[PDB]
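A single protein chain has been omitted; all remaining protein chains appear in their positions.
Naming follows writing order (A, B and C), and every chain is counted from residue 1.
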Amino acid sequence: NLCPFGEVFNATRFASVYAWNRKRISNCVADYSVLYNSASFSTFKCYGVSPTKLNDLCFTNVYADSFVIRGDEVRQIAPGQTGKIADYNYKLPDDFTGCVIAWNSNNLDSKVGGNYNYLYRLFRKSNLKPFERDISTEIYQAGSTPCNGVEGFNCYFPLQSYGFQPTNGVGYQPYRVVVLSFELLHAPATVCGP
Amino acid sequence: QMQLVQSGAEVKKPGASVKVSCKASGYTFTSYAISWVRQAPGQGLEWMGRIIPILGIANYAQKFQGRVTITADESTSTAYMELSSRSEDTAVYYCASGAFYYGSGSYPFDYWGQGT
Amino acid sequence: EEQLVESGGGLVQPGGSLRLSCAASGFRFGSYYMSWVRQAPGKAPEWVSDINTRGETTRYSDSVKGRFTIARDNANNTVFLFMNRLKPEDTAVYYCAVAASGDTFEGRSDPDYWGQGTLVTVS
Partner (left out) sequence: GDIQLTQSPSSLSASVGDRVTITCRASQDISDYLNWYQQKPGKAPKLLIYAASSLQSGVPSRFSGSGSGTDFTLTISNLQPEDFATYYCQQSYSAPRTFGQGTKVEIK
């Protein structure tokens, strides 16, 4: 085996933060040197272990997610950080082992200004847990007085979208973000190279 | 820059199916949350429901609870309203528009049909 | 809250010199990293320099190493910069940055709060 990060990164279409994805990769090898040293990715932030020892250190099964996030709120991907996309879109376990990689790619999705193909949910009951999504596109209950069940006032439609102008200020370019989470089970380790 | 075609006049017997076209061209698409509005000759307007091509979430009013259907297509960029009902509901076929913003106004703003 | 608006740039001749400044407010100056970054047409933002949290020790990019320097100002709530012997290829929009690490690991940590944007053209 050779572990397909080319069929991860060189994909063309990415999801949105309300409908972020998963994919599990197993029985492959570790070749993170090209990811480190290609220098086409601006960000390589993570905690715990140091990248100089992940070409031998390995686990039993790894996971990956691929979707685009606002660049003015990149600190909101952390174990225990406040915010709103750190509230209703993607959570992380507190004792964190995996690693997050990001970069700026405002050339392919630098479309005509005001384009809002990618959305984000603003209002949801209470809190989040890691490792589950929200496909409930239903209109949420702000209605202490029950308005309709259909959208009205005293009640809101919480699914607002982004904006991608090729001359925006600094925080609205579409930075793609991936996370490669490490987790350990009873099974023997499988995913590493030399 | 934008218009929706006018379907020809027809006389339908009760129980017959009805096909209508509402072209959504021009500007940036997926901008307005498409709806539909009916009226009778000599009577006021009435509202039925809402369609968004991004999600397709159903909306239906009281006089058409589970009776009339809402379908659409992004690629052809056309709204579709089909019904199997009587002949006393025939009139001009106005297809509504208007952007349902989030945290802002949700009015049917402009850009409707000039006819059937 | 943490506003970053920068000023002090614009058109300039070859061999010129410009003094930029971004005035931030609402938070302290001493303990936070605040770098300078460049963005050319064609995107791909490229770091140039980064002041320490301490006085004046600073690492520069190899295109500007030995040419361009930074200046620290804790009390004035702004960061200064200096150019000498400009090149026509140094045309990019300039921003300031915000803190890094947080007693965590390295790997080109990317700050979030950057500036409004100031265009600089050498001509």
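In this section, a residue touches a chain if its C-beta (ideal position, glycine included) is under 8 Å from a C-beta of that chain, and two chains touch if they have at least 3 such contacts.
*Asks:* Of B:5, B:54 or B:61, which one is in contact with the hidden chain?
*Replies:* B:61
*Asks:* From the listed residues A:8, A:19 or A:147, report the one that touches the chain absent from this view.
*Replies:* Once the missing chain is taken into account, the touching residue is A:147.
*Asks:* Please identify, in ascending order, the residues of chain B that touch the omitted chain?
*Replies:* Given the touch definition above, chain B has residues 35, 37, 44-47, 59, 61-62, 94, 105-110, 112-114 touching the missing chain.
*Asks:* By the contact definition given up top, give the residues of chain A that touch the hidden chain.
*Replies:* Per the touch rule, chain A residues meeting the hidden chain are 147-148, 150-154.
Simple rule for what comes next: only the chains that are shown with their structure count from here on.
*Asks:* Name the chain pair with more contacting C-beta pairs, choosing from A-C and A-B.
*Replies:* Here the pair linked by more C-beta pairs in contact is A-C.
*Asks:* Just how far, in Å, is the C-alpha centre of chain C from the one of chain B?
*Replies:* The answer is 54 Å.
*Asks:* With chain centres defined as C-alpha means, what is the inter-centre distance between chain A and chain B in Å?
*Replies:* Roughly 37 Å, centre to centre.
*Asks:* Can you tell me which residues of chain B touch two or more of the remaining chains?
*Replies:* none
*Asks:* Inside the complex, what are the residues of chain A that reach chain B?
*Replies:* 112, 114-117, 119, 122, 137, 150-151, 156-161
*Asks:* Which bits of chain B are touching chain A when the two form their complex?
*Replies:* 28, 30, 54-55, 57, 59, 100, 102-103, 106
*Asks:* Using the touch rule from the top, collect the residues of chain A that touch chain C in their complex.
*Replies:* Residues 42-48, 50-51, 71-75, 102, 104-107, 110, 169-171, 173.
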